[PDB]
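Okay, here we've got a single chain as structure tokens, the form solved without pimelic acid (PML), with questions on binding and movement later.
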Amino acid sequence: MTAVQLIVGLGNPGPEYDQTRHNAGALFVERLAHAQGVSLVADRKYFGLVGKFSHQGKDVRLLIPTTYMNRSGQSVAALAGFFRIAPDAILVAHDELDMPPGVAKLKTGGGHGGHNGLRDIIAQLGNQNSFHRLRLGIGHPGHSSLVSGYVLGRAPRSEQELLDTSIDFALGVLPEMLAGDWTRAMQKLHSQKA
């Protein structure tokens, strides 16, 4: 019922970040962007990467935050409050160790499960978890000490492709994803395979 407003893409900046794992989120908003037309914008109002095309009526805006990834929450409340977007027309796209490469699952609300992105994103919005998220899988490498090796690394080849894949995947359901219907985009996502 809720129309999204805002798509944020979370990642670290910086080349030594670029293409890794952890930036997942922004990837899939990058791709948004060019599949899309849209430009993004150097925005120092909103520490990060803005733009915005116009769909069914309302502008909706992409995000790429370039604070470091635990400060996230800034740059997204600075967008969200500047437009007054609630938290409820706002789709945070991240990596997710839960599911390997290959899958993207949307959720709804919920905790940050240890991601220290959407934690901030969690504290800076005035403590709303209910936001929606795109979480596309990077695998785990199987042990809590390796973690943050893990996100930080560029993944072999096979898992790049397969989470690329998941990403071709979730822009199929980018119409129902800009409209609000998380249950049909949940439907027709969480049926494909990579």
Given for the second form:
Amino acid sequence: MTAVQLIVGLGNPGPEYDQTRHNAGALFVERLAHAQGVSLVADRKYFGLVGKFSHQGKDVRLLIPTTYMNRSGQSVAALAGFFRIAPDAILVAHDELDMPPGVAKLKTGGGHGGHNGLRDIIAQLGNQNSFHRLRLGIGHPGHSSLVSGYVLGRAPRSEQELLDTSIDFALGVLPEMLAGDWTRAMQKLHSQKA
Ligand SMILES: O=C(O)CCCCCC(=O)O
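Output the structure of the form solved in complex with pimelic acid (PML); the preceding block shows the form solved without pimelic acid (PML).
Below, the chain from earlier opens the complete complex, with every other chain and molecule after it.
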């Protein structure tokens, strides 16, 4: 019923953060943008890289913030603000510690689950958590004190391959995601085994 107008892929900027676990969301958008032949334009006005393509008469935008992970909302709020976009027309792809590599799922609203990027977004939007989330599994290190370094590290070859499989499964349900039909999008996704 509500078309997706903005896709956001979270990550940290700089070479020392590239290809790391924390940048799964950004990688998804980066791969989604390449499949569509969309160009990511550096725009200081919105604090990140912006992309645009049409789908059913409406403009769908792609965004990778270039502020830090914890100031991401600023960028999201800057773009949603200028284009008057409702929170529920927004999909944010991100790394999810709670599921293992090779697994991806969808979710509407909810907590930020300690994720600092998600958390700034809810704040900057005026406490709107009503948006959508593509959760790309990266696995858990086993303990809470090891989390900060685990997400800021590059994964072994076997693990990346599973993530690569999951980003592929996800683009596979893009037609269903752009339309905003989440129950089918979930039904087609949630049953793919890596
Ligand atoms: O718990 C999640 O949704 C994803 C986790 C990686 C979390 C890191 C963070 O706060 O940057």
